[PDB]
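In case you want the letters, here they are:
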Amino acid sequence: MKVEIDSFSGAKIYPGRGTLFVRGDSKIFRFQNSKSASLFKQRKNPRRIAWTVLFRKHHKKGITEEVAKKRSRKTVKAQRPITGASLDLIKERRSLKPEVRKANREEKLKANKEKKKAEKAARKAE
Amino acid sequence: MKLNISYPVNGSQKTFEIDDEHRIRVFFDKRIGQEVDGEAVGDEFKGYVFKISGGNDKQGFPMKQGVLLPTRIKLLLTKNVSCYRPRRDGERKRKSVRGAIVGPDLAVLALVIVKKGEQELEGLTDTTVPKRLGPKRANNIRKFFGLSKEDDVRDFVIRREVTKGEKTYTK
RNA sequence: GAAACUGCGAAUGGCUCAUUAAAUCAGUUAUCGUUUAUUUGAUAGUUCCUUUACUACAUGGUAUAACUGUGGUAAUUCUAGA
RNA sequence: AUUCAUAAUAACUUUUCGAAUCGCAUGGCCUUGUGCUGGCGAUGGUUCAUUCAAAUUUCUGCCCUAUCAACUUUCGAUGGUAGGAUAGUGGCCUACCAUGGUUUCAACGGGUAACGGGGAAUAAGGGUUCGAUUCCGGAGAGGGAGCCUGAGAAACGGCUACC
RNA sequence: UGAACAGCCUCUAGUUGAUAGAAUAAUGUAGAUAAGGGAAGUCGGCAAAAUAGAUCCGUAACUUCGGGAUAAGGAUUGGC
RNA sequence: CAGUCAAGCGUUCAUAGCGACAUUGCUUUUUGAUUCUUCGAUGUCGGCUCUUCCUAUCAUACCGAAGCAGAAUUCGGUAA
RNA sequence: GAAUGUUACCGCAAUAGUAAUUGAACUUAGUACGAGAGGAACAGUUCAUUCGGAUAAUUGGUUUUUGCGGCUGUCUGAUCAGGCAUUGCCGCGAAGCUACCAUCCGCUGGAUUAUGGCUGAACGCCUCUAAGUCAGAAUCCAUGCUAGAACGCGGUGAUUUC
RNA sequence: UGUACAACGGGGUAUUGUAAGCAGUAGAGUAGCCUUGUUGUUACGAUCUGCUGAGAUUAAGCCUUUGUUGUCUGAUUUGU
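Going down the list, the protein sequences come from chains L and A.
Number 98 in the numbering used here belongs to position 111 of the first sequence; there are no gaps in the numbering.
For any residue, its number in the numbering used here is found by taking its place in the second sequence, counting from 1, and adding 550.
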């Protein structure tokens, strides 16, 4: 079995207890009680009716539901390899990064290479 | 019922055909993002805790976030939203869904684990699927490894070896 | 080099003549009363904002798809979950 | 012919544009540095003009009907002021105000086997009739209403609803 | 109050008289309400209900041209 | 209302079913006939309401017969 | 309700009354039967019609709970709170009553008729009949249900003191 | 003279719909104040919001009470 919710009061409708209504547009309403039913037929607004759950929740009364959204104070904690880099050697080369004389000497080599490049290019142009 | 559970760090996933109707009555009347007890559903899941991610009910209509009901509804959905892909730019569309409350109407419930309990799970924790792709961007690789601003991502590159015939290559 | 993201275009064509009797339409004017993608011709020394450390410019951050797989409906160019 | 083009003072902006894009080719200075400079392109990009358009707009012109002579204005009909909206003028809409405006030189209403025109048959001339129909402009996507995307649609071989 | 020496409440003046007390069965008398349907009831819509004031709008046939006509039929109405 | 008889009908055959001409009975729910009671009054049609009774049974229960293949139908019995 | 010796309790059960009724659907079965056309039935199941006897969890109705709130006019200096308005009016409204407008329940054994029969003579056969005898109906009587003879009865308890 | 009874009180359950009183930098606004604000202040002003699912009623034929306060020998008749 199941329990349901009055359209008007928003109340548990234990089985059998209460009425049901089926408008021509196929909207199925349920009513715990003829009180709610009669108000509905009067075309009242539960948000204006005071004892109703809609008014309750629209005026923010009994607000023990929500508390807050949690936040984690840390990082993802994965400086992992990219599946083709061998993380051990990856960290080894990351540590070799400081004391950058290796890359500096490669730059100096390609630098004298650019020197000789302009030189030999001018030579061929001559 | 079925529990399509996932462990996102291991990247693993498995369906579990559940009974113990009352140990899923616990799951009844539950929203998305909420976390209930593995032990409460199953001592095989003792100590674990999941998070109700969502699920498909009968007629395959998924659970959508934010609507706050168990019953099905027809929403005039639009782009940038679950449960509808547009086959044209500008197309809004009316589709039927089920909402963000849990009940017997559901058939498959999609769960994600946030904590690993005391025991181990056969198809989730004992296994771990790898990262199918490596980062294709320079700085993403560089920060993923923690190298420097200048540590030559070009040579820290990923190389994924595959053989066409006997000729093999990393592409 | 499929698929997919993206950008374009899908507002043209084609069909019919139901509507409509100062309305469309035809010739004839104006926009000194307006939009105009696209093409075509020209066109952005001045962007550090307690502007001194507040900030990489041999250059910065974010997914997300496709895909991997779990999959759910009897059915949908149905779609969620990781 | 302008309060035009255009320029400057003073501020406004939740902040607009001012290339983090891509293919080829690789060229030159040496201060011998991956220093500095360099070409042919594609893409996109603020403004102005242009072009294909688009929307409004001036004068003239439409078949039969008086067994239709008064019509329009409640709640826009005519004008004006201010404002809103529009991409833009303007009753397009509102607030307020004057009460006007069309009419036998046939208003208004009805009917149309009426979309209109360029044109077709037919003839000495005059003309009568037809013209949905290959070209031009309009309207529509089963009837209606609405709207997103977009430069451009009130799109329908696109969405929403009702019938 | 309100169109009103209507109806309802009150002031002045006048009355508090009509056998009373206890319970609250039927059947009555007088008053009322009733889901769904709606005159199927009955000689017959008898009785009862519904409508109802005011403002605004709109108004048929027929006509002795005077009327029909509150025609029909619809909208609105408080307080500050 | 029910019987006796059976010329005939029923393809052929009087009787499955009908049964003319003739005839014996029953009932008092008609309508007459009569005028016993009732004219110093038995309240006078119908409907409504409500019970009870008879059966010459419309249906239902069980059965028999048929010109009853089945279905449907007809006749008849115990039965109110 | 007097009277039975008193009073109280438990019972019996004469006699009288009596009630349950009909249909549909699925299945049997598109079977039987029928050349074909068409087209059954018993058992079984679920449901309903009519009638009855209770009950008020649910729903509906009713509302002098004059319980809560509101509304009009008027009176109480105003407010607060109240009176009058033949129960002033409206909305809600429990309890109680109540509804095929709601719900629940509504028994099984014997003797029998008609009819069909068993053996069986008269009538050396034959025959349901004559003696005997079987099954058989919404019938009849019992089971059951209602009241309990107020002049029908039984069992039991306690039966007054200064 | 007691797991006694009764009237009140309490609690619960139900009904209704958020009491009066106070406050408000709420309030259509209209008048007056001046040191003319930036909540300016003052008089009036439906209504709104908070205390308030508050308050009220609740067996009279609802339930329950570790509570309180009381009550508990008046008459008549009866014999195998």
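For the record, the hints were derived by calculation from the structure and aren't laboratory data.
One or more hints might be untrue.
[Unchecked claim] A few chain L positions that, by computed beta-carbon distances, are all more than 12 Å from chain A:
1) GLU(-9)
2) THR6
3) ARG34
4) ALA65
5) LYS84
6) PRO85
[Unchecked claim] Below, computed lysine-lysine pairings styled on DSBU-like, alpha-carbon distance capped at 35 Å:
7) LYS48(L) <-> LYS686(A)
8) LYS686(A) <-> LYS44(L)
9) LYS56(L) <-> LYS686(A)
10) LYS721(A) <-> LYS97(L)
11) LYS721(A) <-> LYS100(L)
12) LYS601(A) <-> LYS57(L)
13) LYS48(L) <-> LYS580(A)
14) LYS699(A) <-> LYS102(L)
15) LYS57(L) <-> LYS31(L)
16) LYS721(A) <-> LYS31(L)
17) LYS665(A) <-> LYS596(A)
18) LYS47(L) <-> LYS686(A)
19) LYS721(A) <-> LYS57(L)
20) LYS64(L) <-> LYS629(A)
21) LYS686(A) <-> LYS104(L)
Backbone N, C-alpha and C fix where the C-beta goes; we use that ideal spot for every residue, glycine too.
Exercise. Starting from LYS665(A), check that the Cα of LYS596(A) is at most 35 Å away, please.
Key: Roughly 11 Å between the alpha carbons, so the hint for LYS665(A) and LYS596(A) holds.
Practice problem: Please settle this one: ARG34(L) was flagged as non-interface, so is its CB more than 12 Å from every CB on chain A? | Solution: Nearest chain A Cβ is 16 Å from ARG34(L), so the label holds.
Exercise. Measuring Cβ to Cβ, find out whether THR6(L) lies farther than 12 Å from everything in chain A.
Key: Holds, because the least Cβ-Cβ distance between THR6(L) and chain A comes to about 19 Å, which exceeds 12 Å.
Quiz item: CA of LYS699(A) to CA of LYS102(L), is that 35 Å or under?
Solution: The hint holds at about 27 Å.
Quiz item: If you draw a straight line from the CA of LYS47(L) to the CA of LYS686(A), is it 35 Å or shorter?
Solution: violated, 50 Å
Self-check item: Hint consistency between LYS48(L) and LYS686(A) [alpha-carbon to alpha-carbon, up to 35 Å]
Solution: violated, 52 Å
Quiz prompt | Proposed proximity, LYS44(L) with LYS686(A) (alpha carbon, max 35 Å) | solution = The hint is violated at about 49 Å.
Self-check item: Pairwise hint evaluation, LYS104(L) against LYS686(A), where the allowed Cα distance is 35 Å at most
Solution: holds, 33 Å
Quiz item: Would the pair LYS721(A) and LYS31(L) pass a check requiring their Cα atoms to be no farther apart than 35 Å?
Solution: violated, 70 Å
Quiz item: Are the Cα atoms of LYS56(L) and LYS686(A) separated by 35 Å or less?
Solution: holds, 33 Å
Quiz item: Holds or violated: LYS721(A) with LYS57(L), Cα cutoff 35 Å?
Solution: Given pair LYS721(A), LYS57(L) is violated - Cα atoms ~43 Å apart, limit 35 Å.
Quiz item: Going straight from one Cα to the other, do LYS721(A) and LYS100(L) come out at no more than 35 Å?
Solution: holds, 30 Å
Consistency with the previously given hints fails for numbers 1, 4, 5, 6, 7, 8, 15, 16, 18 and 19, ordered from lowest to highest.
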